[PDB]
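K.L.:
The chain contents come next:
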Amino acid sequence: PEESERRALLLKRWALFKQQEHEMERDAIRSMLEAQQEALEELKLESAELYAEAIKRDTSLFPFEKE
Amino acid sequence: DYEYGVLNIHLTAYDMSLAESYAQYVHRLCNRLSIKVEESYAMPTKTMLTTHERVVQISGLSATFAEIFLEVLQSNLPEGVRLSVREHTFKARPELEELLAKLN
Amino acid sequence: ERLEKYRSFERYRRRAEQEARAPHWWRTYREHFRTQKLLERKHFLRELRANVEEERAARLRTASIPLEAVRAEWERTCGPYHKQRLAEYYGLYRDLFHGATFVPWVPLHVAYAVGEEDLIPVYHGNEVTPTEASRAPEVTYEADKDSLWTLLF
Amino acid sequence: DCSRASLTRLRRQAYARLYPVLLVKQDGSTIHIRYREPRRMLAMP
Amino acid sequence: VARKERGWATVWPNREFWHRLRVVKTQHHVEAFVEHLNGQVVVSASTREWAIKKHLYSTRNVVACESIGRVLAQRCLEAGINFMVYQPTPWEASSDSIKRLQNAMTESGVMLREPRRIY
Amino acid sequence: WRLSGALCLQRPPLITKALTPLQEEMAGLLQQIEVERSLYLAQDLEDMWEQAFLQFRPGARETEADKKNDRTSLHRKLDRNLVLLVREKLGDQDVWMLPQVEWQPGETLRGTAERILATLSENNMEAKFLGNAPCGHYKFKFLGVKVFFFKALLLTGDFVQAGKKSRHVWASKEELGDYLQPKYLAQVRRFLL
RNA sequence: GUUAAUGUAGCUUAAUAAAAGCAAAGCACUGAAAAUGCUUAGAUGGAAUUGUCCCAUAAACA
Numbered sequence: 108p109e110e111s112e113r114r115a116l117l118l119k120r121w122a123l124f125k126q127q128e129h130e131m132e133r134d135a136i137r138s139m140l141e142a143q144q145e146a147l148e149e150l151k152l153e154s155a156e157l158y159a160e161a162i163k164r165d166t167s168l169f170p171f172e173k174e
Numbered sequence: 084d085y086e087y088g089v090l091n092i093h094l095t096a097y098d099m100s101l102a103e104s105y106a107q108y109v110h111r112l113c114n115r116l117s118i119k120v121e122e123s124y125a126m127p128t129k130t131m149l150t151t152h153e154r155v156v157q158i159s160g161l162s163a164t165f166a167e168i169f170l171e172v173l174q175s176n177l178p179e180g181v182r183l184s185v186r187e188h189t197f198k199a200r201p202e203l204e205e206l207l208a209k210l211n
Numbered sequence: 046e047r048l049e050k051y052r053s054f055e056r057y058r059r060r061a062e063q064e065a066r067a068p069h070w071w072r073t074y075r076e077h078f099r100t101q102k103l104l105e106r107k108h109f110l111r112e113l114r115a116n117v118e119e120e121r122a123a124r125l126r127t128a129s130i131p132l133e134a135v136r137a138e139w140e141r142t143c144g145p146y147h148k149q150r151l152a153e154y155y156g157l158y159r160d161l162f163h164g165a166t167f168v169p170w171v172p173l174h175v176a177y178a179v180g181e182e183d184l185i186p187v188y189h190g191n192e193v194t195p196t197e198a199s200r201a202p203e204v205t206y207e208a209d210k211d212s213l214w215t216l217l218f
Numbered sequence: 033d034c035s036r037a038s039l040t041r042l043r044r045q046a047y048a049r050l051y052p053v054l055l056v057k058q059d060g061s062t063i064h065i066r067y068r069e070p071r072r073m074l075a076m077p
Numbered sequence: 061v062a063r064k065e066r067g068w069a070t071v072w073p074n075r076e077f078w079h080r081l082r083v084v085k086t087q088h089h090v091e092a093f094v095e096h097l098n099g100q101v102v103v104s105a106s107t108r109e110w111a112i113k114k115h116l117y118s119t120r121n122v123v124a125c126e127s128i129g130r131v132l133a134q135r136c137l138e139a140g141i142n143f144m145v146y147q148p149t150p151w152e153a154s155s156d157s158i159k160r161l162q163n164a165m166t167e168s169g170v171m172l173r174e175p176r177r178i179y
Numbered sequence: 043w044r045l046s047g048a049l050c051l052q053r054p055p056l057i058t059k060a061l062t063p064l065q066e067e068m069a070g071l072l073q074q075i076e077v078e079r080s081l082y114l115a116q117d118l119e120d121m122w123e124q125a126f127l128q129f130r131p132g133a134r135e136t137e138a139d140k141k142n143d144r145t146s147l148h149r150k151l152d153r154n155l156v157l158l159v160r161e162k163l164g165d166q167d168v169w170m171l172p173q174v175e176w177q178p179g180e181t182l183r184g185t186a187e188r189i190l191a192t193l194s195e196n197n198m199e200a201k202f203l204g205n206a207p208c209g210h211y212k213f214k215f225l226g227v228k229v230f231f232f233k234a235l236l237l238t239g240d241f242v243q244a245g246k247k248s249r250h251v252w253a254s255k256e257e258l259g260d261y262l263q264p265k266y267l268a269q270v271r272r273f274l275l
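Protein chains in written order, with full-length UniProt numbering: chain A, 108 to 174; chain B, 84 to 131, 149 to 189, 197 to 211; chain C, 46 to 78, 99 to 218; chain D, 33 to 77; chain E, 61 to 179; chain F, 43 to 82, 114 to 215, 225 to 275.
No lab work stands behind these hints, which were simulated from the structure alone. We put the CB at the ideal spot given by N, CA and C, even for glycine. Hints are supplied without guarantee of correctness; some may be wrong.
[Stated by the list, open to error] With beta-carbon atoms standing in for the labels, derived distance ranges:
#1 E:75 x C:173: 32 to 38 Å
#2 E:171 x C:76: 30 to 36 Å
#3 C:119 x F:63: 25 to 31 Å
#4 C:149 x E:169: 56 to 62 Å
#5 C:53 x B:202: 21 to 27 Å
#6 C:129 x A:140: 47 to 53 Å
#7 A:120 x E:169: 39 to 45 Å
#8 E:66 x A:111: 49 to 55 Å
#9 C:63 x E:152: 17 to 23 Å
[Unchecked claim] Residues of chain E placed beyond 12 Å of chain C at every Cβ, according to the derived structure:
#10 61
#11 62
#12 70
#13 76
#14 82
#15 162
#16 166
#17 171
#18 172
#19 173
#20 174
#21 175
#22 179
Work the whole structure out from these sequences, hints included.
P.N.:
So this is what it looks like as structure tokens:
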């Protein structure tokens, strides 16, 4: 009824808020990815040869658990 | 240069509801990040009261991608959820029919 | 595998329809067979958006639109372009002027009087019986003064 | 932030009524949980 | 008495129509067209049009679908197009908005089903 | 050329921030539907227990409200991540710097990175390295110099010698710009969360 | 100031005859996902003409 209408109104605030959060988080990942890619580029200018070993994955890194 | 193995996650939490959401939630991140999730199996109840745990089969990963993703999981981790990351351990008619030709 | 998958019939359907229209090497079925105005418009949109009652009606799926006002607006703004098509569709241009096309501009109005104040509007493609059109209709097109014109049926 | 997935509605098709309670941990942290009985707080031993 | 294409048995939808109604829901807009077999659109009603927008709260809405149908009907009535063919998909047909749109067309008197040809 | 390595340590936030008021109202709504879909004096005893919870002090969500100035302490913040940040004095510079140590080409980035963890903190801290790929490289000249910025996560930390004579500061983002003005040191935020 | 960037909304060499399409969000739905239904958000900070100036901004030189 009218109470449901009010519940719908707060959903509009909440749904819009979540969408804003999603966009904010997506941009945060993009900056993080750009920085990580930018971090890759920076030492490549200094020495690309070093990366050839560095870019190789660490097999022993995992398992890694953190709460 | 090597490709990461498939590492499963056991989302152990007091309430399955919250555990499922985080599982579903992280899966959405996985799909966005282009991470394939083969299965969403879950463990039984931890009878002694009980708890709840949700398996999350994460497949495919890279060294640079690994560092960012796992750290993101820490932030995403909702209230009182215990994370875990571990390396992983009936064919239908079209699949069998294709298989016959390959070895025939 | 690199490319994603449609995962939806509609997305595939729309993509397929566009491709058919595009020309192809192989035979196909088709072969054989100003700024101030924009700012003003945005301001009105914000005012409409601000109105809570408009939102209330929309969320209650009770709102409606006045056809009368839209019809007048349609004639003034973009109606002639549609009017050109319905002339092209019926072949008016290809018949009267051997394929020459003239865009109509004046929103001309015609109606046949039937006994009393019951006017039959003569729009584009309308159906009017010969009985009703026994007598000449009323023509109004707001020529404005000092505006010479000529009319033809 | 943990708040991203902290608030989630129950999706179980059928369940009994659950009230919120805090499970106080031995390190001082607290977590909101849903319990059938109208308890108020839980303590980790 | 004119011919209608009767083939395309293995393809969807059938093309045995003198006119067709295509309703496309874009991300923010809903459009309606009436097109002949030869591919020339006759009557077009779109929410992008200025006149509809000023009186229309949100381009993509159930009311917008219902309202655009009413506008399309009057234009179709204007052109003398009384009989038309609509070919919805199962989910599209079940959609409440499309059902509401067809309700408006039925009220206006536009027939969503054409009569069979005369041989 | 001056070879210098450095490490951008990360400390996870233990306890999350409080939920926003709009989050609260949504929390109420999900409970309301829960009641709808629900099926079917101990209260006094539970009330006696809840006040026992209130009287008994629980671990604060942020352990900086009591401290308010313990930048040196490992538990400077709980709501957000922390970064080790130690004042350093160079031959031609005296600047607030990320932890630095001397690296050699023979030693891999992780090997120097491991040494950075305990060399400047001299504690039983637990931290983990994920990828050999570094996260930042910045060159400042007066003589050419370059500093390599790595990234690490603190599994756990038993920070002995809390009151060091050094100015080690655990900062999330507020003290990054405040203490590190130049882009070569103020751009650490790019690869920081 | 020299080099260099960056300037319709995540993307588009959509658009100057009418600021578009796609991506994206939430809700309903329960294996998960996807789909489907109901819904949500946004821009030309800017001029050229095809199918460079321009100021602003922000960098190495400075």
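K.L.:
The structure should be examined with respect to each hint, and the outcome stated for every one.
P.N.:
Evaluated hints:
A hinted range of 32 to 38 Å holds for the C-beta pair residue 75 of chain E and residue 173 of chain C, which are about 36 Å apart. At roughly 33 Å, the beta-carbon separation of residue 171 of chain E and residue 76 of chain C lies within the given 30 to 36 Å, and the hint holds. Between residue 119 of chain C and residue 63 of chain F the beta carbon distance is about 27 Å. The supplied range of 25 to 31 Å therefore holds. Hint check: residue 149 of chain C to residue 169 of chain E, Cβ distance near 26 Å, so the stated range 56 to 62 Å is violated.
Roughly 25 Å separates the CB atoms of residue 53 of chain C and residue 202 of chain B, a value that falls within the hinted 21 to 27 Å. Distance hint check for residue 129 of chain C and residue 140 of chain A: the Cβ-Cβ separation is about 48 Å, which falls inside the suggested range of 47 to 53 Å. Evaluation of the 39 to 45 Å hint for residue 120 of chain A and residue 169 of chain E yields a pass: the beta carbon distance comes to about 43 Å. Range check, residue 66 of chain E to residue 111 of chain A: Cβ separation about 51 Å, and the 49 to 55 Å hint holds.
Taking the beta carbon of each, residue 63 of chain C and residue 152 of chain E are about 19 Å apart, inside 17 to 23 Å as hinted. Against chain C, the non-interface label of residue 61 of chain E holds: every CB pair exceeds 12 Å, the least being about 18 Å. Its beta-carbon lying about 14 Å from the closest one in chain C, residue 62 of chain E satisfies the requirement of being farther than 12 Å from that chain. Distance check on residue 70 of chain E: its Cβ is at least 14 Å (rounded) from any Cβ of chain C, clearing the 12 Å threshold; non-interface status holds.
With a closest Cβ-Cβ approach of about 14 Å to chain C, residue 76 of chain E is found to remain outside the 12 Å limit, as its non-interface label requires. Look at residue 82 of chain E: its CB is around 9 Å from the nearest CB on chain C, not clear of 12 Å, so calling it non-interface is violated. Under the 12 Å C-beta cut-off, the non-interface status given to residue 162 of chain E relative to chain C holds; the minimum distance is some 16 Å. Distance check on residue 166 of chain E: its Cβ is at least 16 Å (rounded) from any Cβ of chain C, clearing the 12 Å threshold; non-interface status holds.
Distance check for residue 171 of chain E against chain C: the nearest CB is about 14 Å away, which clears 12 Å, and the non-interface claim stands. The claim that residue 172 of chain E lies off the interface holds: its Cβ sits roughly 19 Å from the closest Cβ of chain C, which is beyond the 12 Å cut-off. No Cβ of chain C approaches the Cβ of residue 173 of chain E within 12 Å, the least distance being about 20 Å, so the stated non-interface status holds. At roughly 17 Å from the closest C-beta of chain C, the C-beta of residue 174 of chain E stays outside 12 Å, upholding its exclusion from the interface.
Listed as a non-interface residue, residue 175 of chain E keeps its Cβ farther than 12 Å from every Cβ of chain C; the least gap is roughly 16 Å. Against chain C, the non-interface label of residue 179 of chain E holds: every CB pair exceeds 12 Å, the least being about 21 Å.
Consistency with the previously given hints fails for numbers 4, 14, ordered from lowest to highest.
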